[PDB]
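J.: Below, each chain spelled out in residue letters.
Protein chains: 2
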Amino acid sequence: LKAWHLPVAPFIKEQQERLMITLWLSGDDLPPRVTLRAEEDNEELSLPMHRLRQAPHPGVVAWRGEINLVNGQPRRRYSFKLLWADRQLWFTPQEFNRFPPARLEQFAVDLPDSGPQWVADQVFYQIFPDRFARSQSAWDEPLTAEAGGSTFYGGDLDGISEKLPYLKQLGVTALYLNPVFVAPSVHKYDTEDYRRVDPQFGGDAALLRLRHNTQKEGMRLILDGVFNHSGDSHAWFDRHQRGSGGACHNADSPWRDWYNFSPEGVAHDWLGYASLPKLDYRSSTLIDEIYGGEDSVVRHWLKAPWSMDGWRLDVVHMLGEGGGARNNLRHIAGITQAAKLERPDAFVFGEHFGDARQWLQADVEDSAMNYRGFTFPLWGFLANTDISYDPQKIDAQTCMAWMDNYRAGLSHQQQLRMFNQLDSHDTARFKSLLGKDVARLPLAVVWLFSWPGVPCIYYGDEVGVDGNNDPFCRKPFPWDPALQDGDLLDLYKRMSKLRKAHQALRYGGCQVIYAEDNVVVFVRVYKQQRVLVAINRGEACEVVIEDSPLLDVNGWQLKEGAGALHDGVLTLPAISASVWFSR
Amino acid sequence: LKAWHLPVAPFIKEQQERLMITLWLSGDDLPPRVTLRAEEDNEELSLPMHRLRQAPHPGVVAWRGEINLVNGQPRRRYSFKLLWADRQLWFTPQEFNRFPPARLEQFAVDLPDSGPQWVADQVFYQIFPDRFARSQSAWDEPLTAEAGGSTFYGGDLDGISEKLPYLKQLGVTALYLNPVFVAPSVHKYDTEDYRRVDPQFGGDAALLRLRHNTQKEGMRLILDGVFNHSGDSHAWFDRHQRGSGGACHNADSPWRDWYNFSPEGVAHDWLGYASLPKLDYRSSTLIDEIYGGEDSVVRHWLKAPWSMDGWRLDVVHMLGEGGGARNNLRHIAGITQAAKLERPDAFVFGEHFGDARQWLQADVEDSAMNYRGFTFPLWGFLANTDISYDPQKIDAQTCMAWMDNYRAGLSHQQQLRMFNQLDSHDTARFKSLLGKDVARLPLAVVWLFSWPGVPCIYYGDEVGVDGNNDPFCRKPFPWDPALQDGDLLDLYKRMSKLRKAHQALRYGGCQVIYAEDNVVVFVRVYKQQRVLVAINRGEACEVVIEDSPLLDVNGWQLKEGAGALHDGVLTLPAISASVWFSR
Ligand SMILES: OC[C@H]1O[C@H](O)[C@H](O)[C@@H](O)[C@@H]1O
Ligand SMILES: OC[C@H]1O[C@H](O)[C@H](O)[C@@H](O)[C@@H]1O
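These protein sequences, in sequence, are chains A and A'. A prime marks a further copy of an entry chain.
For the first sequence, the positions run 2 to 138, 145 to 590 when the entry's author numbering is used.
For the second sequence, the positions run 2 to 138, 145 to 590 when the entry's author numbering is used.
Since the hints were derived computationally from the structure, they do not count as laboratory data.
Hints should not be assumed to be uniformly reliable.
No distinction is drawn between identical chains; accordingly, a pair holds when it is met within one copy or between any pair of copies.
As a list, the in silico SDA-like pairs of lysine to any residue whose alpha-carbon atoms are at most 25 Å apart [to be verified]:
| no. | residue 1 | residue 2 |
| --- | --- | --- |
| 1 | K507 | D492 |
| 2 | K310 | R333 |
| 3 | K3 | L348 |
| 4 | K400 | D87 |
| 5 | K566 | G493 |
| 6 | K534 | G156 |
| 7 | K347 | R333 |
| 8 | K507 | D444 |
| 9 | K347 | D559 |
| 10 | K3 | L565 |
| 11 | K400 | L2 |
| 12 | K400 | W5 |
| 13 | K400 | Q95 |
| 14 | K504 | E553 |
| 15 | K400 | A86 |
| 16 | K504 | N391 |
With the rest of the complex left out, here is chain A:
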């Protein structure tokens, strides 16, 4: 018995106030009835399906049902209940299930979709401001472990402005900046003033120019939002009594209850770092200052003249009351809600090194840095390591069971805006993590642009910057092309063009077709278009692709890599990734 469904055309179609759902089956003992299990206002519904007269593909029986759209919440969850005379079988995002699927692991489509619909059309680039580019108004000194992280190399926002032509050439359409607000460090997560841009990066005037220049170049701009904790030099806290009524040293301070102090008097902070005291969101004035008020920090940078496109929320998972994460979900929801009040299409996403599904499944934020659903699966399958740099021996089966299990908790629209990257300012460079297997790096780059989600390049990844974890992953960008991997740069350029060109790489469903040992093969699917991606992490090999109605096309045009598809046989060279378009 076989089944196919993806939460996208040609399988679904909105028509008047109805969502038409289509399921494909094939086999010797086909169920005489199929129930479409849908949900309206959390109530499970048994909607009957009827067999269509016309076979969509050779040997394929199609069933159709309908979800009434006038009632219910925007997120439409559903799955398929196959019924024989004596038994039942569920069809789900994770294949067949002998017992009912989790409600939160069904197929799901957001109709109406109130999310930030521009995110799926973007190529993102993350910039650590000090290490990217100096404006026109020493840079090669090697980063050390003692000093690296306290050393300013002097990049600024005008430097970013001046490099916009390079970033457009690369294919970038959106910037995510690390913290830019006034703060004593080079990274600036120890916020001193949420209202002013640090002069070291060019101050307010330079961020105004960057907003203008990105606007003019059609590029989005996201700022790093640090609200779990403040800096210990902030006027609110003020470790060093640079002011009169700080919270650290005055019981009568207007902000004494914006922090939690123990019975002994030690402030609660972030993972033991005393320069990052944690903000106590029990206090209703702190709530008004961060997101509740009309000119709260969250809304301030989203209205004119700043008009930023959204927020990356630092340490999103620990923000809360009383020195810990109590009432975290409510407060992240409040931040996101405040952001959308100011700008309805604001993109709000959270830093989640761990499992973000509970946050995303309650819709408290649009998206997450997809470390669990994308990054660490690739670290393990490709680089034999993981978040703790513990050894990892997982094959294609396991890698794709993992990636597909995570996605299953997410609607199609949520999947398309997940923030996928290979590394960041808080990890070792992926190129370094590969060690002797560095030839696998182009495979990751292709995967990054073809897996559902929006891709984000970590600055310098594209020209082959390497290095170990913080501080060594914050190397200065090498603008000397003699220090640049130009072949790798071109791969990023070509992939962003493939993604810009083909709707299925931005809007399409995703079906893993083959996942065994060293080879992953999946197809993106949108209307009549198909994009096939074959990844081979090991020696050269041949693989048989079973006749599949998802691949029933006029023909295949190879677009990247040296793989070859003929009569259902994929010939894959050693350590390769290939992409085909259907013609």
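Go by the hints and put chain A' with the ligands onto chain A.
T.: Relative to the frame of chain A, chain A' with the ligands by itself:
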């Protein structure tokens, strides 16, 4: 490779401000390191484990780690990360995992536990008031389909009071009553007045007496709370203009915005029943009336003189704003929070025919009617049917994968207070659902008292009342012992005594030991005590129980059923359930 862990002593121990966690392993290629993955304030933690010198059981290596308890939220989630030189393996509530488990499917223990700790010590009994017993101040007429459901047979609350000796003999310690407030129907979910008890059931005076009599007999009392919708005869709505300013027929009504009326003017209601208009929780006055105010309905019946022990929340999953379930989780949380303000140990649980995990995993309620986690697994494995009375062919493997998958989303303390029952006033009688397989009924009864959770008898189940779905599952209770299955009655009596006697049936962990085809075997585990339960749904058979360190005891004393355990061989008669205690 083998592993054992249950979220209970002897595997965990609280000591000063530390939670000691112990893992057992056994095999030829044991990991040289084990990391205890724990979580503090949603931040994943790598806590190292150390090998204990003393083997807890033959051939078993024990690892130990610690969770610091002074920081973090009460719910302590954790799992085990086994590390070799080249690879890792996760150990979880659902056995071994090759990729990381879901955060919300780890082991979990609530320390401190602020839940209603009395629930785990209870045996519940659900009474449909009209059909249970008439007070001392016709009953055999068969229920029909035309009239049944509009016919009053005349049971009342004094009848319940008068039958308390019978219920104590049965082993009952807690009552769950169906709606008792003023309303025109026999079932009374069409609430007319939340402040008064319907005279047909004996009025306010009779519920006062029942509260006194249950108090005096050491019994808990839960009322049915109907807050998703009101009755259409309520003064707030008032379909029939029995008052001056109802919402249905007055745009200026003080409660016009407590309901949602379409552009055409049709009120939103429950699943198309016009006598149950849905309450619009966008309105801040409705919120104050139901749970926000000091004398809101939710708190009213929890303080003196009523002092009820909690609330069963009808249609908990659809309550919300705007005619649907928008902001449902916030409002259920508000109801529960209001209840605990009035009585800190109030038991609040929701009617969930579907998957309740998102509600329970956000702690918006203490528990749920465990239809998904308990009832429907038994309907399928034992009676070949399911919630829709669709055929079901699942074996022991599938049945236990299903039951253990659901539990995995729940902490140990949550599992112990899940509201388990075999049927209710909204289902066919389980005895009828068995059809020709009615000999399996005693198996379900044993299972109901030995699976983690609090058991709830549906009135009359214990003497063999049968019947089909609503209205035929609301037969009058047969007080004529000639119409009573006395053998079945005695089984309930003995099981409640086993549960009252043995801590592991109330507080213990649960490990499925064998689940193949027709046989399920599991053990409840608490400190040094063990309760072994073997269920055989088919013909008589013998089953080998592998040597297991969970079963390494002084000896086994058979307590119920005719099964026999000797030298690791279970001899199980056809269609039987057996229970042993460790001595
Ligand atoms: O938010 C974390 C930031 O501060 C931390 O202390 C790290 O050491 C630093 O590298 C990082 O930029
Ligand atoms: O809440 C549901 C109640 O009303 C429904 O209309 C049913 O028909 C009735 O049997 C039940 O008691």
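J.: Give a verdict on every hint.
T.: Outcome of the hint check:
no., hint, result
1, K507 with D492, "within (23 Å within a copy, 73 Å between copies)"
2, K310 with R333, "neither (30 Å within a copy, 28 Å between copies)"
3, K3 with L348, "neither (46 Å within a copy, 54 Å between copies)"
4, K400 with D87, "between (42 Å within a copy, 7 Å between copies)"
5, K566 with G493, "within (19 Å within a copy, 77 Å between copies)"
6, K534 with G156, "neither (49 Å within a copy, 51 Å between copies)"
7, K347 with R333, "both (24 Å within a copy, 17 Å between copies)"
8, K507 with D444, "neither (30 Å within a copy, 62 Å between copies)"
9, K347 with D559, "neither (42 Å within a copy, 60 Å between copies)"
10, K3 with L565, "neither (28 Å within a copy, 48 Å between copies)"
11, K400 with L2, "between (32 Å within a copy, 17 Å between copies)"
12, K400 with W5, "between (30 Å within a copy, 23 Å between copies)"
13, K400 with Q95, "both (22 Å within a copy, 21 Å between copies)"
14, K504 with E553, "neither (30 Å within a copy, 59 Å between copies)"
15, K400 with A86, "between (43 Å within a copy, 10 Å between copies)"
16, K504 with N391, "neither (30 Å within a copy, 55 Å between copies)"
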